[PDB]
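These are the residues of each chain, in order.
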Amino acid sequence: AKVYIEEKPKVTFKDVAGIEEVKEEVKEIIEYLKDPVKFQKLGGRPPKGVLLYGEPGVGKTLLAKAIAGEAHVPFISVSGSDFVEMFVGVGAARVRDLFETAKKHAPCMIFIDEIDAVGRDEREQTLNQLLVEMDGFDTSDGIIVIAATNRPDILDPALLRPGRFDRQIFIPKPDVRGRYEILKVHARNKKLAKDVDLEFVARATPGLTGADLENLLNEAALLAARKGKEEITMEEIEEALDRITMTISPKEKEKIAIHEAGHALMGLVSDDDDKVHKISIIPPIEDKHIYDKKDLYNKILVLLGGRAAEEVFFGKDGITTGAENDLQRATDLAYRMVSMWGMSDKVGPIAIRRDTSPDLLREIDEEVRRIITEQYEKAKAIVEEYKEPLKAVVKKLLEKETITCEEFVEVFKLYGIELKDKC
Amino acid sequence: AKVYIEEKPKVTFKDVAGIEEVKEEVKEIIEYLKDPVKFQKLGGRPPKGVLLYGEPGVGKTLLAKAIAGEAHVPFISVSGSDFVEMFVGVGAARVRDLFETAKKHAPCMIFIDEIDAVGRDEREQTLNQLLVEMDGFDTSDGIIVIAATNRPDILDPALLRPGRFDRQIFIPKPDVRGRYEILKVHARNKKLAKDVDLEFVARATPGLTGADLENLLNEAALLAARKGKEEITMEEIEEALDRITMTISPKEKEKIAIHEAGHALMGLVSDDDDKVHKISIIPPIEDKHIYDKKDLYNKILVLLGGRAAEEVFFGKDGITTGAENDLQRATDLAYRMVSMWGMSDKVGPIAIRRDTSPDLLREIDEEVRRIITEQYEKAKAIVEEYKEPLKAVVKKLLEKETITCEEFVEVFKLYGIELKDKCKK
Amino acid sequence: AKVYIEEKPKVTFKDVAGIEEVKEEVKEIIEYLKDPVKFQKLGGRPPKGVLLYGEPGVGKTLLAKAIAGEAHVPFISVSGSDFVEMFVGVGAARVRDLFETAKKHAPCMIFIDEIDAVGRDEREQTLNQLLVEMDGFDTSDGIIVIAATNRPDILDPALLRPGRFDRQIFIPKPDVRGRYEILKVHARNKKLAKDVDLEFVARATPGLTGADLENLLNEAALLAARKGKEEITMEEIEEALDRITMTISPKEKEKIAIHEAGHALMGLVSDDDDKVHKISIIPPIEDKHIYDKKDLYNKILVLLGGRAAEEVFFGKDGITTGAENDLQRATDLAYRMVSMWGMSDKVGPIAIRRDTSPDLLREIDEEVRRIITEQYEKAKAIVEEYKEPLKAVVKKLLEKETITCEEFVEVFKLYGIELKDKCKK
Amino acid sequence: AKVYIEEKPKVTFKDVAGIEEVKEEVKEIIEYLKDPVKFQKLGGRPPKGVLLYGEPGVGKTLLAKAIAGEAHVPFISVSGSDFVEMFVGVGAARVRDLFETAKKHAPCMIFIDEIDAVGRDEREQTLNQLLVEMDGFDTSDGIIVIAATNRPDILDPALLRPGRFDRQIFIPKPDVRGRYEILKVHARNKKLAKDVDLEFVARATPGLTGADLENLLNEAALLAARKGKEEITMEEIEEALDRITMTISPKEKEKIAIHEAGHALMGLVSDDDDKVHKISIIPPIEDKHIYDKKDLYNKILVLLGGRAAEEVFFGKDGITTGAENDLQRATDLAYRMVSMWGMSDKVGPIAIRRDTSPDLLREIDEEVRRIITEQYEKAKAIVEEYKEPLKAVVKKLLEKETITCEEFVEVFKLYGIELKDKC
Ligand SMILES: Nc1ncnc2c1ncn2[C@@H]1O[C@H](COP(=O)(O)OP(=O)(O)O)[C@@H](O)[C@H]1O
Ligand SMILES: Nc1ncnc2c1ncn2[C@@H]1O[C@H](COP(=O)(O)OP(=O)(O)O)[C@@H](O)[C@H]1O
Ligand SMILES: Nc1ncnc2c1ncn2[C@@H]1O[C@H](COP(=O)(O)OP(=O)(O)O)[C@@H](O)[C@H]1O
Ligand SMILES: [Zn+2]
Ligand SMILES: [Zn+2]
Ligand SMILES: [Zn+2]
Ligand SMILES: [Zn+2]
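Chains as they are written, first to last, in the authors' numbering: chain C, 142 to 261, 273 to 397, 405 to 442, 454 to 524, 538 to 606; chain B, 142 to 261, 273 to 397, 405 to 442, 454 to 524, 538 to 608; chain A, 142 to 261, 273 to 397, 405 to 442, 454 to 524, 538 to 608; chain C', 142 to 261, 273 to 397, 405 to 442, 454 to 524, 538 to 606. A prime marks a further copy of an entry chain.
If you're looking for bench data, these hints aren't it; they were derived computationally from the structure. Certain hints may be false.
Dumping the calculated BS3-like pairs for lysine-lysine here, alpha-carbon to alpha-carbon at most 25 Å [stated by the list, open to error]: (1) A:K603 / A:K563; (2) C':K486 / A:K464; (3) B:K381 / C:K179; (4) A:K175 / C':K379.
Pulled out of the complex, with its shape left as it was, chain C reads as follows:
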């Protein structure tokens, strides 16, 4: 209940590296905090709140410090685990004074990490106060709020409606080039040897954040100060790596890559789809859109891809618990197809209101097995057909850790195959 800062940061876009795509979506806020009078006189409207969700230590705080730093504007930073009811509470009266001090020091930026504890009675009185405080203040104030979290699924859905945090940005765990740039950000301060290679350190860290990697480069100098050395060598670097041993094994990495390449392939091959994106080893579909039967079969096909890719590559005994949600998602889509949208000829256009006769349930299930197995046999076949260019995609994927959409189809072009422009 006492953590918020008000500093003019020294940490800009130089201290942050690896999340270049995330950097391109925060530049419109940088141009806004620099000159809000340029945004006010024109007639535009900025986001009243920008969300920074992801795994613990992905660089949530550092991104918020870079936006205020690059724009030469103040930075405020408090925690959400601070506001806890201890003798009823004045949790709501707090929020009222945040925007009042922001208008006194306008333009400026505000930040609140782990706001999922206060925002999950008295708890809703403080939560609803923050909602009104966002809808009240306008563009003329020249201030913006950023609220981070460790879990996005446990925050209140009302803290996501327009005017009450409408922009959503995801900060992912760093890849090979993502970690190599992090290992160059912290290395500017510390003294490193001539025999040290940052590329092997970046390669041998799957399932490790930018913050958990900072713990490794700080303990390497700590072990160099304990032993007695003026240069951080490979011996103390590899020692801190054993403190960590969680992490993705190289065998698992292969399984993940093949699974991920399955989905990707499936989409870049089916009749008509809804955009293929970046393929990375670093770990519902109905919306307000209207779909036909052909569309949903392909939705199921993609969902089944990775498992089929696993089955094709490692065999029946090789399939993993990775396809857990994909299997579920696919089946559920298939039950909605049969029992809800009447897309089963055997079951007819009847719609089961989810007292249903056992025979009808049988018919529904039997048809859902028919759809799933049918599409699964179809996915397996496509992987079987494109095994060799996939093998290659997977090698590229294991080294880079993340491959965008383009190059995959180009790797397929190398194997004389034309897919479809679905990036």
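Based on the hints, put chains B, A and C' with the ligands in the right spot on chain C.
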């Protein structure tokens, strides 16, 4: 809780366009706020509350501003997300002072948008206060209240009884002629080029409101002020259209039209049914009444129409998730027919009230499938027979976006098909 | 909470018309409020409360005003939607002062409409206070209370025990002769033309109250004052009739009449039963007693009558959703017969009380279908046998809208058919 | 919250008539209130509370007035619908002052009718106070409490434990000789004609109390004062009888008698039983006792009696809804026999814990039908065998309305049949 405005509006029936049918039902309120002493001395009774429900940004606020504006009467406005309990509360004492200030500034109009948050037990004590405040004041006060919402299904049913909001008006998302008139309202202020066409902008905006369309015409001048131009050209207009890409694709528009024309045809053809209304692409069936077996089959037939129209036009692989509620509604009607109203010869006049033997459940289901498939085969056949007049409807429907029942019937007349006078007035 | 009247009414039995049977049961209260000293010195006991339940606007308030008016005694009136808890409450202390002011102005009458909102724990504290306030005061006080409602099913069952409202009177929606007499009460004040006929207005209003009818005759003079006429003609009368369009269609009226005639026939024909009452087109089983198997079959037979009458008259496609409760009630009686009272030879004298094997459930259901279909085939056969005198009843019933049991019997006697003496007295 | 009396009654055992068996169980209280010093010096212990339960108007108040009247001791009478919470409440402080005033006016009697409303939170604070107030006071105080009710099933079970109302007495609706004596109690005050017969009035009143019969003899004099007569004749007596038209029809009376004679016969005939009592037309079995298989079959047999008697006398179409509880009770006993006590050879000594396989449920049910039908066929047969003496018992039963145990077996003796001394 603390938003309330009492302005003499400058925005009248000139600033609102596209909802001409909605405009005809609010003119009796315009003649009432102008001279209430004419309505008092005669002996008539006005609505104590008029509902303005629809999608977010359909022009709920602007319609309420036009009624007060055209009648030259004040306009009060506040939000329903304001009155939230913060240490028990004094939310009821508020409502008491609304009608008191209204009688001091009589005649005048009152408006409250998103009243679904306050009206969804402290919450019920503020809710019940508003109910009494409506039944208390009479015609002599010369004041009316209008309460808007983003969802009509989440408001309290007591806020719909006579004397406590008895009038219901729906504001729909604008069509082609509805958006073209909206594209002429916000263009009076801004400077437009000679090469710009508002008809193509209106045609390329399916699933877009009047408020989401002003966001497009305001960003087009913003992009013209950023680049450096004195005239808003087609280049910056089409650019703001890419910022939007929750819209209906042209292929989807066809699917929607065929589905919607299915329902209409079904209804306009059914032996006996009751009323067919405006057909449009822009996206419990009993009442008190008494229906016979023949009636309910036709009710199911209509419900199945659109899907059958989809199946006939696009094929088995072409049927969409659009028929979701129709399919459900139809099945439920068929179960009520079998298990509740004893309209199944095989099942008899027995009536199931949920301990029911597995065999009987089987029999019930098997008959429900028999009725649904039977009627569905019937709908498909009706569509098949009138494919050509239906394609002609679909054509009109895609261009105008909304057609009337009379317009539908006229197209059929042209093909030499006389349909039942099931048209609403 | 704050409505309470105490006027000496001008409205007597002259202003109330159509409910003549309801008027005969309120005359003992008229003779009581006129001279209570005649009722006290003799030794008799009057009802401490008389219930006035029915549809909204059946003439609940007007009946209570006629009893006080005819007896030349004061009339107190208040609403039940007034007493709502707002900061805990002092709702019980109110009821205490009602009977105290009644003893000061003795003899007098008290009335409370919509008492179903206050009487549906603070809510129970005010409710229980009213219960004690009834048991406390006696015949010597010379006062009587009348509490009306819009729904009888939502009031507390304790407000129906002896000493706490023991008398129950139902005010029904007016019929043809009922509405014609209503049309003559509200016409004494207004000026009517020579070409106007009140009999056609009385005939073309099915499913319309005495109050919803007053809305029609008041708007007819309103349209005559708007247009500019000194006499209310047929043109403005028929115009106000289009403002109304949840009425009963003439086709529906026939279906209702036939259904209603089925139930009556079934009754007046069955071996032995428990009386047949007024048959009317104007739109939870048994007591302790002790019944035999033969009686319950006949109870089911009557329940099935109307549906059988529908099937016989309109055919299989013609059966309506009207038989919904009958069908249910009949089936439930049949399950109680089989699974509870061991009246099924196939199932034996075992008594199921819900872990029952699937086979036994099957046996139970199969027997219930056997009973229902058996009795239904029996009802259909009776309606078929008596289709002719029944068509006659239906005819009388459509014109009069309501016929007595005796009127039915009579119609049958004409076709030389003796029925059982099962009419109520 | 203001109803209790403190009178020296004038109404004794002369004003009460028909409930002579109930009169014999209240005489030990009469000898106690007369001289409690005789009961205290000897060493005996009287009941701290005596229950008076039955139908509304059976003569609950009048019995309590007769005990205080015959013993020449005061009588206190309040209602249980008086103590209702209106602004929290001082319901408990009341009970404390009842026994204090009782010790000041010792010896005396206390009475509370409809105590089921106060005794069904704050409600339990007043209820528990009455419990302690009973256990506290002893024999030396020379006072006794009597609490009546309209329903015995809705009062608290704690108001039935020893020291807290241990004595239970049932006051039944009057019979023919029961009503004839009531019609002679109220007739002492009023003037009756020479052509009037009280025996026909007593015969034509089935399902009518002593209080509901007082309403008839008071309205007969009211109709005699309205018309203008000095003597209450048969014309005004029969008129008040039409105000009543609830009542048992003569056809129903026959059905009831036959049913009741069924049970009676069954018990007076089966292998070994647990006492047959008075047979009257006026409308679980496991306890802390151990039963064998033979015993429970006979328990079921009796339970099925009346229905079998109905079936034998009126036929299959003639069976009534009267056997409702008997049928249920019998079946439940049969399920406990099969599924709980393992008394079914087909089902074995397994005990179903009331996830039970459908087949086993079938087996259980099939055996319960086997027991019920078997015993039912047995009951029907016994009625069939003793139809003629039963016919007679039923005639005797219709005229007297209540026949004790003895005479039934004597009526059977008249038809040369010997039953067993089970009275
Ligand atoms: N992507 C990154 N690039 C550079 N440094 C990083 C990155 N992510 C984390 N760090 C460093 O890790 C440390 C702690 O991480 P932090 O930003 O607080 O993580 P989070 O806010 O997600 O919990 C900081 O010193 C920060 O510089
Ligand atoms: N049966 C009737 N006969 C005559 N007038 C009637 C009748 N029923 C209703 N009205 C008239 O309708 C008006 C309002 O009806 P009201 O008595 O208040 O209905 P309710 O009390 O059932 O809600 C009154 O002016 C009353 O005279
Ligand atoms: N068994 C009876 N014998 C004589 N009089 C009776 C009998 N039962 C009731 N009464 C009379 O009926 C009247 C009211 O009955 P009451 O004793 O108050 O019934 P309860 O207490 O069961 O409600 C009294 O005047 C009483 O004398
Ligand atoms: Zn996957
Ligand atoms: Zn549809
Ligand atoms: Zn019916
Ligand atoms: Zn019995």
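Any hints from earlier that this structure breaks? Give me their numbers in increasing order, please. none
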